[PDB]
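> Starting from the known structure of chain V, arrange chains S, L, X, Z, D, H, C and W on it as the hints suggest.
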Amino acid sequence: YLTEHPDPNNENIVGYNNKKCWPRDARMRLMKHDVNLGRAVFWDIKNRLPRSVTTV
Amino acid sequence: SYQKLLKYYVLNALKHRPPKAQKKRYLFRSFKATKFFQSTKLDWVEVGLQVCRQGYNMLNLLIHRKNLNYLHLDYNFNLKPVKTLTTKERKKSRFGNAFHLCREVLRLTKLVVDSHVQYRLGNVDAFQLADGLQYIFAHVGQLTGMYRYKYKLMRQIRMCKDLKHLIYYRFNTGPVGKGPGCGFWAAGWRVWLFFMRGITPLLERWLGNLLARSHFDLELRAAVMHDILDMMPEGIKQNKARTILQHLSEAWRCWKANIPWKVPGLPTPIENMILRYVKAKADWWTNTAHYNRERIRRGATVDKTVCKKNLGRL
Amino acid sequence: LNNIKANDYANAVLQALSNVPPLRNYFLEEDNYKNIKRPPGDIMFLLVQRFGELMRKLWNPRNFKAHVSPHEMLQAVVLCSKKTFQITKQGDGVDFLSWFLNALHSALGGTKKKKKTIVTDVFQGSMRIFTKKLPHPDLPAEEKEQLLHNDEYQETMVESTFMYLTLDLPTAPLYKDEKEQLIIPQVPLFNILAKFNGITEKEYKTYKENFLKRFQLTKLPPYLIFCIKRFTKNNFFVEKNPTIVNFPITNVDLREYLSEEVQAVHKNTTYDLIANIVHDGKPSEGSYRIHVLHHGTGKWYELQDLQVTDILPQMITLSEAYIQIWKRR
Amino acid sequence: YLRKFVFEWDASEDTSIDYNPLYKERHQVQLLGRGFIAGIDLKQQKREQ
Amino acid sequence: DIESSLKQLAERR
Amino acid sequence: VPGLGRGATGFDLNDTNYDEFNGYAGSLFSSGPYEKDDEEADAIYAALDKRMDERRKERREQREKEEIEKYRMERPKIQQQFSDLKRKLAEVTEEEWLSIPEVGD
Amino acid sequence: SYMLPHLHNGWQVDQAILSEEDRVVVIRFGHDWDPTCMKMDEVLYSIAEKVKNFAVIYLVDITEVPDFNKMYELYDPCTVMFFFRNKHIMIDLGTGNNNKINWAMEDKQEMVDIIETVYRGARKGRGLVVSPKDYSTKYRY
Amino acid sequence: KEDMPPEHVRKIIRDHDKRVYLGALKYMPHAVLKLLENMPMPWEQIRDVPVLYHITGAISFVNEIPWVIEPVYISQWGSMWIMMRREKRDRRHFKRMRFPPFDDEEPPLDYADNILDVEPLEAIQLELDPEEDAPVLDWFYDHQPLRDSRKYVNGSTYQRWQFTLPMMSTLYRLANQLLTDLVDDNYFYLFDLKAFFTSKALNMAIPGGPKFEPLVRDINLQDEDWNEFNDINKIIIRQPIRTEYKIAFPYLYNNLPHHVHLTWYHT
Amino acid sequence: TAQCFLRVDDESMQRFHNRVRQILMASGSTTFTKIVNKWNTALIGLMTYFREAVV
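Chains as they are written, first to last, in the entry's author numbering: chain V, 1113 to 1168; chain S, 446 to 658, 679 to 779; chain L, 227 to 555; chain X, 254 to 255, 270 to 316; chain Z, 461 to 473; chain D, 18 to 28, 72 to 165; chain H, 2 to 142; chain C, 58 to 73, 84 to 334; chain W, 1225 to 1279.
Calculated from the structure, these hints are not laboratory results. Among these hints, one or two may not hold up.
What the hints assert, rightly or not - Sample of chain S residues at the chain L side, in silico, Cβ under 10 angstroms:
| hint | residue |
| --- | --- |
| 1 | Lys468 |
| 2 | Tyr471 |
| 3 | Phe473 |
| 4 | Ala716 |
| 5 | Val743 |
| 6 | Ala745 |
| 7 | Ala747 |
| 8 | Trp749 |
| 9 | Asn752 |
| 10 | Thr753 |
All C-beta atoms in this analysis are idealised placements derived from N, C-alpha and C, irrespective of residue type, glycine included.
Excised from the complex, chain V in its bound form:
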């Protein structure tokens, strides 16, 4: 993911969707590795789908 979408500034955390309904200790904790892994998983899933057929 970082080979195709490099992030030198660790900017992957700025737009990470998280469930604000739960308290802070109950939400997802935006660790660098966890944020990168989530973005990578979503990127792989999106790449599996052609954009014209559908968009995620």
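Leaving out everything else, chains S, L, X, Z, D, H, C and W in the frame of chain V:
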């Protein structure tokens, strides 16, 4: 009280802007330069009494000019009706906040001057005079009905009370206990003079005035109608106004329906004006539809008509 | 080019400025601009060198990856523009292109205004503005004609240099035409390229003043830039003009837009479209893509961030052209 | 880490409700035993110093 | 008729 | 005939004429014993008001002119926007006015 | 615009009220520039021809025709007045005063229902009629 | 022009082209403000003032401005403080008699009838010991102390004052009740104007200081999504970081120091 | 081995609030019986769907 005094001190020191350059015009020098004013030397108590009398007379003139003989103003500037007011009379008696504020200012002046004349007569001691002045300047809201007519004035009142809490609990230490004998009226007198500074131009403007001598589509439609009917032959405009109004409504409906609108017999200048009007009304229509949808989705209080209309527009 | 947050407009503009043979060749050699002098406390030159660096990354015959990160160039752009044209918030392609060309022209002039830079040599041309002041319309006809002798409301000589041509689309037809055609308006390229014919008089009205700015091209740059005006601020919001420009992509003759004494100077006026920046979507959440003509081959490629598609030559005219780069041959 | 014209202020507007002993009981100023806070009675200040 | 009211409206607005 | 000529009986104090501040609009002394001395007094007091306004007259009027110019330039009144088409609409023959159709087609 | 007929003096008003015998006379006291009057007059024009069979609408300017200010308590920026056979009809809207609408409803159907109820009660003989809706609460949520 | 006998205005206001009268009535709030700002001090029995009165008696302004020398004024009010405290300690049954109305509805007493010939009972003047208050006992309780002396004030305008050091020492002694006898601004550590500005800009209240509405919109600390930066598993706690710490060093203990003024350090 | 804490999504809460608002506005001249029936139906649907999550 200490904390709020600090709050107002900080607010004054922070909202402070340097004074702006003037041309140095003095009001009283101009007054003296005219024939209507003359100078003399008078006792402060005498001019206080004279100012109270002049204020009472001027308020009487203002009341009687409206022919409101059913309202009587006493020498303590307490205005009261003499009979049950008719709705017409009640509307006629709506003097506004400016008149009441000026009347209560004159009442405060009457209180101060009356305390001073009471001291000058010899009925009360000078200590009693100073304590009475402190009470007057610390209890303006209680002694005088000022806060209702000007809400911001309430703030000043709290200042005075805070200042009392600042002085009393320092004045009442040691042998002196709680009592009505504390006279120190610098702070409240300062505060009320500073309020008077701010409100002087407002009352002067009111007296000068009194003694002198959403729906964008509807307005757009009215303005375009006026512009078209001005550039209209006089002998033909009897029914052509209604015809062009019907044409405007048809053009708006046609735009709302994504259907072509091209009147063959309509001249091209009038047609171009109608096109411009439809464009402007459509821009307003789209913008207000989006704004209303945002308001409704956010959770603002709306009635049925608004939602129905918005749904239609959307 | 990688899309760092919302910077697709900058990627489109940079790709448009790339694939331009002269400017790209100038920036592909570091020696062409390294030795020019700079002021001590000058930050504009960071735009130049990095841009050249970017070119050398784009045109690398042997690269480890098939994409290039514009992060350094965009950081230089943000620093030089004083928090304008950010990487997080996307800006107008036309405005960014104008600022970037002006900044490249200024920074390449070493410690002085070099009248002839590569930017000026490639993109800048000379155009003759015929500004004709107008009397106020709310005047009697006799006074209106009397003001014609004032020698103030006549054509003037304000000939200047244009870096790009701002073409103004006609307003949307509002009501759809009764014909079977689509609701999307269609206008030929020569129709928008009519304000610069010479006789067409577009009204210009500032506050309490009227004008008639006639335009006449006097020097055609080797690479012509068209800045088609799409986004217009109406009384309430910003509307993007959906008009479709019908333009050819292999032959455009501008000989009819030049003065007769001017037509003789330029032997060549046949322009081929080489770059086409297209804006899609609403004015707020818009996206930028580019159609670039790959020389050597004849293929046309559409680039949008990291997406490179092989577009057919016929389909380019269908999209809402925003910015265009043409080669004079 | 994780209307009504109110003449007198409300007690909830109070500050200085501290938990640190260093801030609740603050060591007053003893100006060499010769300076006194303004306003307060001098004899009271002398007695309670 | 309509113009008489239009002039009154324009003058007052 | 007055309003009672209809034989009806009831079952500017208008809210429009009243403002919470300044009370009801309209001078209470609009008409009265006005003579040369009254005119002289009004002139003197108007001169005094002008002299008082002279304190910041230049800068205040400059700022007012700039503000109104920018307000008109930014937001134009709808009559200003339609004045161009209104004036271009003058060039029309009176014969064409009778030719305006209805919306029946 | 304001295609609705206007009355320029008290004489026009007091023979307009007596002109209609089988139709309810509606009089809007106010000012065209007043926005609220603008809303009501737009609503009235939207239903001007719908109630032509049993109602008529006239517009009266307060400044032009101020003689009815004292007798009808015309102190609001706008009022709507209902007459039939020289008799005023009071409408119980729930607003406290039954003599005048004193407000601009955006829905034309509400005004249509109000005028229909006024006509039904006036032809039957009742001088006071009950609105088929309560306007004390704006019904906004 | 020149000043006229006071009986002229007396007769005019006793006896009473309406345009002149109405135009004069417009400036009444200035009359009120100038009357109230020229209010006599507790140590003065009679304070004669220059008065600009309308020829028709419609209005009368107190022309002068209350110019007072700051040290003399503060010393006089300190002496007033002492005398007031002594009198309140003396009189257990002090009776307030201040009057909120101008004799209620009663007509305004005529000054020439019952105030003109009545002499004041006394003033609140403090008794001054001649041995220590020698330089000031001559003028400490005048309407304007040294207005007619050329050496100490500039002149009749009463705009500049210069005093000899013994007089200022006596004035400082007489005003010791109104001064805290602080010799430093160290008493105002984290409690001065700049500290209050820093507290307000950070939406925090000093214990002894006031409280303000937030200067900028504040996001709840429960909204942040547990970044590695604000991970509480890494933070070592020894003492609670108080508001005073953040005000003292706004750029170290605050994550968004905006419109913060650096407080003056130790003197 | 694990605890699955349940909650109602804020989207569903907003849908319920909007349904209540629609019931309130669309009341107008309707009988109180039908308004209460609509509220009862909304509440029954919400509770029978979000049984534990409501608590």
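> Under 10 angstroms, Cβ to Cβ, is where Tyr471 (chain S) needs to be relative to chain L, so tell me if that hint holds or is violated.
This hint is violated: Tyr471 (chain S) lies away from chain L, its Cβ roughly 40 angstroms from the closest one there, beyond 10 angstroms.
> A closest beta-carbon separation below 10 angstroms is what the hint needs, so does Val743 (chain S) meet it against chain L?
Holds. Min distance 7 angstroms.
> Is the shortest C-beta separation between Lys468 (chain S) and chain L less than 10 angstroms?
Because about 31 angstroms separates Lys468 (chain S) from the closest Cβ in chain L, which is outside the 10 angstroms limit, the hint is violated.
> Using Cβ atoms only, decide whether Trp749 (chain S) comes closer than 10 angstroms to chain L, and label the hint accordingly.
For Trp749 (chain S), the interface hint holds, since the closest Cβ of chain L sits about 6 angstroms away, which is under 10 angstroms.
> So, as I understand it, the hint says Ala716 (chain S) touches chain L; can you test that by seeing if any CB pair is closer than 10 angstroms?
Holds: closest Cβ of chain L sits about 8 angstroms from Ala716 (chain S), inside 10 angstroms.
> Interface hint check: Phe473 (chain S), Cβ to nearest Cβ on chain L, cutoff 10 angstroms. Holds or violated?
Given a least distance of 44 angstroms, the restraint on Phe473 (chain S) is violated.
> Once the shortest beta carbon distance from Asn752 (chain S) to chain L is found, is it less than 10 angstroms?
Nearest chain L Cβ about 4 angstroms off; hint holds.
> Under the criterion of a CB-CB separation shorter than 10 angstroms, is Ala745 (chain S) in contact with chain L as hinted?
7 angstroms, holds
> May I ask you to test the interface hint for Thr753 (chain S) with respect to chain L, counting a Cβ-Cβ separation under 10 angstroms as satisfied?
8 angstroms, holds
> Can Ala747 (chain S) be said to touch chain L, with a Cβ gap under 10 angstroms?
This interface hint holds because 8 angstroms falls under the 10 angstroms limit.
Checked against the numbered hints given earlier, this structure breaks hints 1, 2, 3; the rest are met.
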